[PDB]
Amino acid sequence: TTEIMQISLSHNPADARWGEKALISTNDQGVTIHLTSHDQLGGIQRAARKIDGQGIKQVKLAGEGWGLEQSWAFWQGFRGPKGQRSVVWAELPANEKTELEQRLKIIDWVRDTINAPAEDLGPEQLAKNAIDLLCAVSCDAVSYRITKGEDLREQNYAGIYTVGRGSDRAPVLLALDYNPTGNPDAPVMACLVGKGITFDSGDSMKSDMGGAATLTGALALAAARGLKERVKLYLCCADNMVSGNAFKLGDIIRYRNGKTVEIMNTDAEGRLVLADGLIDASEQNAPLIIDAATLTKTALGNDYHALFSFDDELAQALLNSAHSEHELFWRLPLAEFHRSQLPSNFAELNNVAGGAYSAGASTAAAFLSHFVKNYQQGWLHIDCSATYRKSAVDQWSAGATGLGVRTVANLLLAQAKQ
Amino acid sequence: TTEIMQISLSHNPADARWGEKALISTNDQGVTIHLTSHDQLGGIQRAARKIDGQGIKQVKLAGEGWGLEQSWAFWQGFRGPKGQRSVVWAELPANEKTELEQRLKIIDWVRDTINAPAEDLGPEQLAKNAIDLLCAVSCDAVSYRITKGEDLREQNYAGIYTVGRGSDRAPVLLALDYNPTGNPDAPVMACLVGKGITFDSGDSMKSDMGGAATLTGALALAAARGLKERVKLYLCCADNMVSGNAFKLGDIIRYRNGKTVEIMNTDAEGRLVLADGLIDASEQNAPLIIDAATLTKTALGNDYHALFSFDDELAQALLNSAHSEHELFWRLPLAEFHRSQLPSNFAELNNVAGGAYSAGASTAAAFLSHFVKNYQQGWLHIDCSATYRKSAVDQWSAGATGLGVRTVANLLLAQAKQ
Amino acid sequence: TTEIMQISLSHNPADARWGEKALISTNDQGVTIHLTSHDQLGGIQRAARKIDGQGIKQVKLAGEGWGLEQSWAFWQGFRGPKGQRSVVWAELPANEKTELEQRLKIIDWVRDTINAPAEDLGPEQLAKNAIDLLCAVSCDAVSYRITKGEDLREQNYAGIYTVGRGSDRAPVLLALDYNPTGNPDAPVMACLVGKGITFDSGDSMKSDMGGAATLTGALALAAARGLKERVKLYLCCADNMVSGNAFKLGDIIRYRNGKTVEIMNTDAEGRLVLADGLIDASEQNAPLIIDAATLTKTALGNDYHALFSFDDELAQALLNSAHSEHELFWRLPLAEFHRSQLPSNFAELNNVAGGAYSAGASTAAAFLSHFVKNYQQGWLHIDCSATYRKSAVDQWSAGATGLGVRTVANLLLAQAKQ
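Protein chains in written order, with PDB author numbering: chain A, 2 to 203, 214 to 307, 311 to 432; chain A', 2 to 203, 214 to 307, 311 to 432; chain A'', 2 to 203, 214 to 307, 311 to 432. A prime marks a further copy of an entry chain.
One or more of the hints may lead you astray.
If several chains are the same, the list does not tell them apart, and a pair holds so long as it fits within one copy or across any two.
To be verified - Calculated cross-link-like contacts (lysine-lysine; reagent style DSS-like; alpha-carbon spacing at most 30 Å):
no.	residue 1	residue 2
1	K106	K61
2	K270	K404
3	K58	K431
4	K51	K22
5	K58	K149
6	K51	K270
Just so you know, the hints here were simulated from the structure itself, not pulled from any lab data.
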């Protein structure tokens, strides 16, 4: 019979009765959230987690202070994978209510897609959902081509075809073209390459296609905000099975750019599918290429997305977007010497450095750079380590966080001078 | 523009400037290799490894001392799996240049075959390559019969059919007959039985068909040296998948000689395919049977091939060949009591001793002896533990070494009084 | 009889006879090192490793190009833990030859100390060696006080006394005062706090006192270059035994600043000894505090030292020093939220985050910040992950690298406007 929980913002701290530095308090007026000057949006999100934690499922944001960002902060923390939670929003200006509504649609899409079980999300399905998303936000501007199964082998997509080899669900390359102007000669300004491993050998496993989902949301959100420039999106999608008829260990893949790659580590195959997408993206000769992949051991925890580039100014541009969108990103090393740290006894390079050069995300980024024509300027690689939460934490429920979507979209908009 | 590196042999040790007991030195004349009286061929091989190690890819053997064995020693160490290295040989007598050229062709075949990825080398492919090799060296003398897939089940090759069961690449038995004389009644003097596991559950994995390749090279090399006697070769070939539709754990195989074998250890399946080959070889009633299998924990390291027989005089004959061909072999125990050390709760015997009789290569040899009619005379088993090098070492690059080919071929020639 | 190997620098690449992009070549003139425009000092160091690798022990740097940095680059790579290698230097200006000679003395001290077996380097010994080093470079300016064994308990050094508890070699705090001016009222400008674990439960173990050695070298090198400002150095030294009479698991330490710390992880005890040093350093009210500790899982590899601070401008100052001294440093995250990520069921905080907040070096830095009075300005923490090499690599032999000494010394000099 309605009478929903009202949630309000105060800058005076709670009574002593609630204990020290109590973040939330609750009386007849509803729940109050107690803020200081330092990190209000973090405090609001943690409060939305606790409120959810107490088993409350419907809330009304009430009283003053509920701008776009406070409201979004709340929702990010209040929401859960089961999707039972509702929120009666506060009054907002016309601009901000549309921004809220399109964030909700597009970023919750990203969370659901990453949270979905791998049985319900195969390679071609993931491609289909991405198209469906982009065609909802702006259909006239979008076109695509799916190259699936044998068509991949037939056109020398050795990386994607090989990684997918073992499975009943055929590997898929989605090439998607977001072209607003109509002009088919219009120059391609950015290429986005996403890791779409829909099943991984060794439930963190369902987060291995999170790079694809996150860039699909980034493009969609950018377009929803009216991105004028043309953008190509490559989702490199495959199941990654290692046992038996997948024939993975020791396999050498000849890529179209002449590179040979031994598979030493049958689990590190996201970089193998990405290499093919990176070859296509470099043939477009765009001034920006961004690729995103999860799970490439990290010392940032799940708190930061990591970025790797040789281009200092471009790494800074992304960090600037990340700050403007209140998302945590952090730069990690990628120097020239990493490119030598993947030798092989049987091929030009190995897929990992292994135990001979105890490395991780820098070497994974270094490996991809062998498939980017001008790797030194205009290329970004994102290890999406803020994408998934095994268990619930302070500010997040279990599962996909949705982080990174705002930040990349902001960067593309910035390129287009918007 | 040519001007190749010259490599020469000296018996005076290097200047103090190079350090103590310096093996190689380099000046305007090229690289000198410094030898003592003890183990020159070992020293030469290690020097060829270092020279390769310094990134030199083309050399000319120069000056005096470069006999057949010094030259071969060098090549063995100089060569690498990638096969970029060339050597301008020294002048040799007619006899020795043909021996060098046929060693090169046949032993490098063995290395490439063992080094090849398992994706590029299935059961039937391995059989096809072996035939191709033997028909290159002497075609008129060779005939064969391939029994593949269902034909194996249909003819009660339960061991080979079962081990291969799980895979998309069907198991294969190659029966190959090297008969020079033409006379089809000519008595079969030796049977060779090779372990051809083309894929193994748990990149050392691609070396699990090395017994087959090594005996295929042995026969080929013997024939190239004009082996007059008739020899049968059985390559027992299969993928060894253990997960899922391979249905491996606890399976009982009824062999044609009435034996039942439980599979306790799903990884120890090379002996299972060999058992079928050993049944066929014993029906030929030849005075010599040799079988070869890799990976049957060893305390010889990768430095020695191991041999097992009940026949003292025959074990000595092989050790004599091994010394004549400067290859390292070493005898390990095989007494009667080992034959009791494989009991089973559900079958006549288990495929391993397990943890009840902490054993390894002796018990594996003991198990095979239950499939050799007269196991007590005229049967040799070789655990090929010198066949593969995970990482590069003093005298060898990574990968297949090619060792054992010379030694077995020398033994067959000895049988034929040649 | 002398006739030493001459090593020279060329900018033309080697003959084809040596292979592609050959770094070194060797003829009658000696070894030539072949450089391009990109990273000459890296190339020179790798060449010194290879030359050492070929077993050469005495060299003469010859011809033009051998400035201070080229010469140092060479030595860093040429040297080995066994210390058999000699180098006849090239002619240098007066300034640079003294810089070379004092680098050699001070940085090779750091390497030997870190390379020394733990049996030959107890807590008090480490303190004694540090004093000895600093008194060699400038004796009149140095004074100290050693607080050892029971004196630590008696003066509420609970962290150091507890970590050391189990061992036959008593824990030690070295407070060392480098005061050039003489004036005892002279303001203390920097405090340096070093982790001196002389034995660690679970031969990478002997590198666990590398923070202490590295800062001892930094101060010594700075003083050798005439550092005018006053600096205090705190070496927090102890054996870290965990089994039996060490009584480590679950112990709660009450520190002088009122903090209680449960020991959840008996291996993470370097931070426990540092906490006491950090309390002392904060009582000096200096505008700079630097602490250094090894082994606090990293994704930089052994290629970068990591730094953590809340002070942006100070983190940049250190990165600037690191670039001026051609050493690799890299910043890692340390935000306010990390300070909450070490809760305890039994004390104010745990010594680690554990498996509840899968973290590493950020949480270790966050933990130390609870013992720095004004942690927000003027405090740096260095995880010394470039300090030790388990095995030999491209540019380094096995063992202690000596990196970080130049960089910290440069920062102190910069503070003093020098």
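- Mind listing which of the numbered hints don't hold for this structure, in increasing order? Violated hints: 3 and 5; rest satisfied.
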